[PDB]
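With these hints in hand, go ahead and build the complete structure from the sequences.
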Amino acid sequence: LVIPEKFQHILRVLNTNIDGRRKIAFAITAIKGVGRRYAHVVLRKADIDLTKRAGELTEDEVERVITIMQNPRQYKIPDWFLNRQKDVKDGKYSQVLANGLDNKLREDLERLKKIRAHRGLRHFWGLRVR
Amino acid sequence: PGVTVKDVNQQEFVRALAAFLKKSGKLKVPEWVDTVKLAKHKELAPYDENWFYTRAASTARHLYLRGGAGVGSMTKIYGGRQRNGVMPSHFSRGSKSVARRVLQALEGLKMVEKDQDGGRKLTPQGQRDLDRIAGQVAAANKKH
Amino acid sequence: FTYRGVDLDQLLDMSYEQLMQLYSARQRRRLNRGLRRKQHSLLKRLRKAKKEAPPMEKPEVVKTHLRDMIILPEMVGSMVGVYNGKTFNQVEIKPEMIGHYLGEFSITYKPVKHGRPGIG
Amino acid sequence: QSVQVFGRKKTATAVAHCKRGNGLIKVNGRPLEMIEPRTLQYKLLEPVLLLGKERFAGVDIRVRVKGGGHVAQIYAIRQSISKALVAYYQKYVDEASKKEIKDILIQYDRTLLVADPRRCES
Amino acid sequence: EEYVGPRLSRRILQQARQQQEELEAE
Amino acid sequence: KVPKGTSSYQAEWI
Amino acid sequence: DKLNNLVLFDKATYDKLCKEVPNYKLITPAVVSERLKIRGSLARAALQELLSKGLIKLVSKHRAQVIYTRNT
Amino acid sequence: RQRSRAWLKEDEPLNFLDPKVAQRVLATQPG
Amino acid sequence: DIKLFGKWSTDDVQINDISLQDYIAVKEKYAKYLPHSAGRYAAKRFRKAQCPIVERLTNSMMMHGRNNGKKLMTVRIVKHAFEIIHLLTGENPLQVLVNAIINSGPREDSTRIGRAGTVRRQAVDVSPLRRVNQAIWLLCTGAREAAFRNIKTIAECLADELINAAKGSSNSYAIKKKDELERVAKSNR
RNA sequence: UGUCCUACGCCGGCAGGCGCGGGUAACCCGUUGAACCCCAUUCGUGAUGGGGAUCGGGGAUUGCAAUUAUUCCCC
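Chains as they are written, first to last, in our numbering: chain P, 1218 to 1347; chain G, 67 to 210; chain V, 5 to 124; chain H, 44 to 165; chain U, 11 to 36; chain S, 624 to 637; chain L, 9 to 80; chain A, 22 to 52; chain F, 137 to 325.
Derived from the structure by calculation, the hints contain no laboratory data. Possibly wrong hints are sitting among the right ones.
Some residues of chain P that are not near chain S, with every Cβ distance over 10 Å (derived) [said to hold, decoys possible]:
1. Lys1269
2. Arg1281
3. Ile1283
4. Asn1288
Pair ranges (Cβ atoms, derived) [said to hold, decoys possible]:
5. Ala185/F to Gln77/G: 41 to 47 Å
6. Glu109/G to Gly1343/P: 29 to 35 Å
7. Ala179/F to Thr189/G: 55 to 61 Å
30 Å max Cα-Cα, derived DSSO-like pairs, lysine-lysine [said to hold, decoys possible]:
8. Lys65/L to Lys139/F
9. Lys1331/P to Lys42/V
10. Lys30/A to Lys69/H
11. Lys624/S to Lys90/V
12. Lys42/V to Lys1293/P
13. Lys30/A to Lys134/H
14. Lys288/F to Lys109/H
15. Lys1223/P to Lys61/L
16. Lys288/F to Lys45/L
17. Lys69/L to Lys24/L
18. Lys1269/P to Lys108/G
Positions of the beta carbon are idealized from the N, C-alpha and C atoms, including for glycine.
As structure tokens, this is what we get:
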């Protein structure tokens, strides 16, 4: 290979630090709410070569893949893949991302607390659920 | 000019048959091939972006060596080691839709014929095409 | 309040064959299998109790042993006591308990608070 | 006007068919050079490299392979090849050449002619 | 060892018969 | 801090 | 301490691979990785580039090792 | 089934095309 | 002519000691194309002395638990390590192996003689066969231990250990252990 | 081993549904088409792409009953 002058060693995406020297799919896997399968599908829908690093890329690539990874359904990422398929409140198929995953998890725990079910009381004692 | 598919190297023939299938161009590709898995036991998406052509080449060869193969047996070919978690590993068959699509795709190109016996085999034109490609591989092998 | 983006009044008008597009998998499998005689008996009992009640007042409690029962959106506002093997627990049906079984509202066991161990 | 032998290892069995040919050796419908455990290729090519191409002048061998594993199959194949050559030199060639081949094969590796008696135990 | 055994020899004779038949085919 | 209709058998959890 | 190998090339690294590497008798990605702190992937890519250049003989290609020899 | 069981003997290598092949095919128990 | 891996000569190697000349079977009669022979060398006592030394190295490298069935992989490792030996030294790699083995085996060892409780070990001589066995096991264990968590491959550390043991430098784990046992025995006497 | 075991096709990302045949059995499953292992590709010594517990959402079977997840599949 060669030496890229426009190499970014550190990235800050969606309030998350990303190591640029690891490869791009596993680097965007390193954030909360995105795994390797989701990274590989969102990059294969972005028409980006998988062999490049997370610093050896152009910017318009990374904003385009960010726009795809927030909006999966408009980019033909289908309705079995997403984090939350039928949401309890609105029932919209939406993939949920770093901070929002924490907020939705705490929201579900709040819903269980309000409804006073056995699962919620088990979790609030700090025990095993499954 | 007497050469046989059985008497020539295998993985090089897979590569060459996939190259022929790709340069031929005429084949019906499913749309989901950039998001589909390949088995319930395999973990990630395949690294090869043209895995369709290689898999069609492989299933064409299996129909050449052993005719009368159905979808289920061809799924049983492509299965593997299921990592069950902390439970011990097992054997998991491959994806049924991928096998059904590659068999129907090669039936569309008049290389795979449905059998009165029940399964599928190769057409004679597909047999002579495969023999021509095998002769090409032999020519690129014994002279190199 | 909304449930899968559906308001409760539409849920009250939501038809029976098309609530099999709205619940989770287990609930839809149960309602596709259909409810047995005892669950409809509890349904009729709750409907009688809600109907024969003062409007400003909460309806009278209905005691039951049914814990396999799934909460339909018709029941919101009814006041149900459910057995846990030893004692009835009195619970109000809220809007947010449509996707839940009754039995997980009455816990059948007591939490473990460990005492000092004996000779082991 | 031909020879039909076998060679076994555990469960793997190879049946070798030796006849007047032109120096062509193929096994299970494919040549010996392209069989997948090529780290174990020199165990497959054993009588050829011990004897030379001259003793395979007008010899055509076709071997069916069935059963066993992979390594057991390779040992069954090489045993079948050696046994086929020995039986052909018994039946159609003189005695002295055959006993010469038996001497060199027993001197090199005992397994090439007699089978391993040990097999998986109940 | 002087004798093959039942099962292995059954497989061997079936294999030899099949090879003889396929050579008779061509 | 106990709700209206619950029993002690469930009040051990609250 | 932790090992921090450079993920891509440097000018000193490129000078060392273009000059100092093809007289090492043995050339393997592990050794060239360990002498001057290359990742194994980058070392394999550089060694494939040197094969394509023809400066370095290829001896043993295999899945787990590749072994190269300096030219003459 | 039980009567179809065939047992070989292995000595020179067995030639199935030899007319004396029957001498190296057993039908009953040795020993 | 018979060659190891199709290329390695076996008439050129020599055994330096007469003590191990009957126990390292590599020279003329026992040379073979591949180490993988699958022969019964554990059938009776002293039969494994006639087994070729390279097969002994292959067998003592697959010894450990996860690699406990894999011999094809191990003979691949040995092939690559011998290739690296020929690339580095240029000598016939079998002679390098033989020099490593004869230089690595301990010459005397300490033994509990007495009862359970008498911790005074007596220094006794070693069998030449036990010397060869211990040399093989220490070379394989040093190659195993040096390449556990590193970029260096098993075959690479194996070849490097064989070089240090044949050369006699104090970089091999095997020669360090040999010196340790030998000096402990010289302390006991 | 088998009257629930399945051959084949179609509909399915995937677990699964739908139409049809054989087998009360050296016949049909089944030439029992296993995994390690081999060949290449990527990874590169770090709690890492090792390891999978734990939880969060959906889907589908088994059954009178899966709520105190039966089981499996997908993020």
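**Study point:** Pairwise hint evaluation, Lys108/G against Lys1269/P, where the allowed Cα distance is 30 Å at most
**Key:** Within the cut-off at roughly 24 Å; holds.
Exercise for review: Confirm or reject the claim that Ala179/F and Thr189/G have a C-beta distance inside 55 to 61 Å.
Suggested key: 57 Å, holds
Review point. Okay, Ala185/F versus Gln77/G on CB: inside 41 to 47 Å?
Key: Once the Cβ atoms are compared, 42 Å apart, the range 41 to 47 Å for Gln77/G and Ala185/F holds.
Practice item. Please work out if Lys30/A and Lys134/H have their alpha carbons no farther apart than 30 Å. Key: 18 Å, holds
Review point. Taking the minimum C-beta separation from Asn1288/P to chain S, is that value above 10 Å?
Key: Holds: least Cβ distance 42 Å, greater than 10 Å.
Check your understanding: Quick one, are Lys42/V and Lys1293/P close enough, alpha carbons at most 30 Å?
Key -> 46 Å, violated
Check your understanding: Does the alpha-carbon distance linking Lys288/F and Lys109/H stay inside the 30 Å limit?
Key -> Distance ~40 Å between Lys288/F and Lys109/H Cα, so the pair is violated.
**Study point:** Given pair status - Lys42/V, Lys1331/P, alpha carbons within 30 Å
**Key:** 29 Å, holds
Practice item. Please settle this one: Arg1281/P was flagged as non-interface, so is its CB more than 10 Å from every CB on chain S? Key: Since the minimum Cβ distance to chain S is about 50 Å, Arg1281/P lies beyond 10 Å and the statement holds.
Practice item. Below or equal to 30 Å on CA atoms is what counts here, so check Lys624/S against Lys90/V. Key: 23 Å, holds
**Study point:** Given pair status - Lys139/F, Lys65/L, alpha carbons within 30 Å
**Key:** 24 Å, holds
Point to revise | Consistency of the no-contact label for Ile1283/P, given chain S and a CB cut of 10 Å | key: Holds, because the least Cβ-Cβ distance between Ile1283/P and chain S comes to about 44 Å, which exceeds 10 Å.
Violated hints for the displayed structure, listed by number in ascending order: 12 and 14.
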